[PDB]
Amino acid sequence: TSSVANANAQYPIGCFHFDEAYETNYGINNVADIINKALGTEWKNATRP
Amino acid sequence: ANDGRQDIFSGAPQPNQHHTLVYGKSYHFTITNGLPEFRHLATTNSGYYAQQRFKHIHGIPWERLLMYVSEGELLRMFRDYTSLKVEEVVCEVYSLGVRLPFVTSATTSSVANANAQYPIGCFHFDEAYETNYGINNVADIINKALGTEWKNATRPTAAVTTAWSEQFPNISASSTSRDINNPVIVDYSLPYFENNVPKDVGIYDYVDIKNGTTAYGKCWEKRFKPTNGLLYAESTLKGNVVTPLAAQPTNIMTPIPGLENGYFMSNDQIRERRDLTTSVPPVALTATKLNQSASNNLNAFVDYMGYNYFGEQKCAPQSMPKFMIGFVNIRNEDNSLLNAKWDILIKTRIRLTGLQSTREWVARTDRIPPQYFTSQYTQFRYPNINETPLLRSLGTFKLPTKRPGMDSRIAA
Amino acid sequence: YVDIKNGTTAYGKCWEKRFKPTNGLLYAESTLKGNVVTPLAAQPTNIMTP
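One line per chain: the protein sequences are A, A' and A'', in this order. A prime marks a further copy of an entry chain.
To convert a position in the first sequence, counted from 1, into the entry's author numbering, add 149.
To convert a position in the second sequence, counted from 1, into the entry's author numbering, add 42.
To convert a position in the third sequence, counted from 1, into the entry's author numbering, add 247.
Simulated from the structure, these hints should not be mistaken for lab results.
Incorrect hints may have been included.
As the list claims (entries may be wrong) - In silico contact screen, one side only, chain A' against chain A (beta carbon under 7 Å); selected entries:
no., residue
1, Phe80
2, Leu83
3, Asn157
4, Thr256
5, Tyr258
To be verified - Derived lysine to any residue pairs resembling SDA-like cross-links, with alpha carbons at most 25 Å apart:
no., chain 1, residue 1, chain 2, residue 2
6, A, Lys193, A', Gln311
7, A'', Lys280, A, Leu188
8, A, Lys193, A', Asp247
9, A, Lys186, A', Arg81
10, A, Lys193, A', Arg95
11, A, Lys193, A', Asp385
12, A', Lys252, A, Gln159
13, A', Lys252, A, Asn157
14, A', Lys241, A'', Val283
15, A', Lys389, A', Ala342
16, A', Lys389, A', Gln311
17, A', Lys252, A', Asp385
18, A', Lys389, A', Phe120
19, A, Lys193, A'', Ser277
20, A, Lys186, A', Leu379
21, A', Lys97, A, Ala195
22, A'', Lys280, A', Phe266
Backbone N, C-alpha and C define an ideal beta-carbon position, used for all residues, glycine too.
Next comes chain A alone, as it looks inside the complex:
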């Protein structure tokens, strides 16, 4: 029963940009996934059963 209840850990976050100095790339499925979740798939029965 874990719970992410602590928001006062002062975790460091940042904007990385070393993509301007070294070869970089993303995983094909990783990006594909982000986009499928962005669009999401339909669940409404546009066409009546």
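Once you have looked at the hints, place chains A' and A'' on chain A.
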């Protein structure tokens, strides 16, 4: 100039009465998280709808008159005037914090952590998609707002002293924190066999988020000055609740503006009188109070009740904005929902205007004087004045063009 | 109801008509019908607002 031709006496009637009422209440409610859920709804007349309920977005029924006035005050103001109009309604929401447990315990859990910075916001996508509340959900919020009596106003045969008890069958939220659950539901009509459907509402395109931890105090305030705050109006000569007409229509008739075209917003489409074959379509006739039942009055809405002014276009105005507030769900590492409890305080204020048409009507009975001759109020009801008028859907529906959903409880 | 010109000397631009339609609506879609063939499936209910 006083040539014995000037008036000696000049009469004039008494004025109409114009009273202004001001009421208000304060409540303490608590609401909680909830993941979104969906289903498909089938209804009579082959109705089919795609529904999406946001269990983390709750709506304050500020459209309900009982949120400002108690049942007692409502009863009185409903019998005292010829017509009663809502001038303005105000609803303030104060946040007392969004808490949750430091550690989830299946048994002795405690909402002791108020520093989780849970995102909260004011949602308003009710202006872009069909929305509605659950009938019992709203009914519940109001029962907890009013609360049921526990004092023995009428002494028991044995008026003996009883033991202290925290078990209030239903204490008002005006005396203590009380839980309420009124998830907003978004409908996606599917009237055809093959429908054109939109992508689920993007709630993040209709929200103003605040930090649940630092937002302590006044957060939101909504005001509304109804165009047609007509709660009721009497313009008929019917001096009873039981009597039916005795005379049938004659040949005497004079053309009046009317301003009622017989067009309705039947769910997703516009329909003309002749096509509403399932239920009998209302018609804008001379208004009455003796049409509404006692229970109907209790469910009075502040924006529109079916009554209109003689010179205005007989129709429903755009319903007041829904007052929806809620969380912006945070999820745990296993993607489960991070539960939280939100304590809020609500202040409600309302100003109404009562009229008593006593100028052209000197009554010799307690019967309220009707706005009969000089002008007449009108309401959507049926030629049979005793038939239930066009009622307001308790589910607080928002139909296309942003108008309040209404029922025609008269079967055809 | 006529404005006459000399057919021989009137060589060039003669008339120009302009029109800004009040209702130039060629078409508009406001229904949920997502097909050209499908008919309604649901009949009118008791839900109706003026």
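| query | Of the hints stated earlier, which fail here? | reply | 2, 4, 5, 11, 16 and 22
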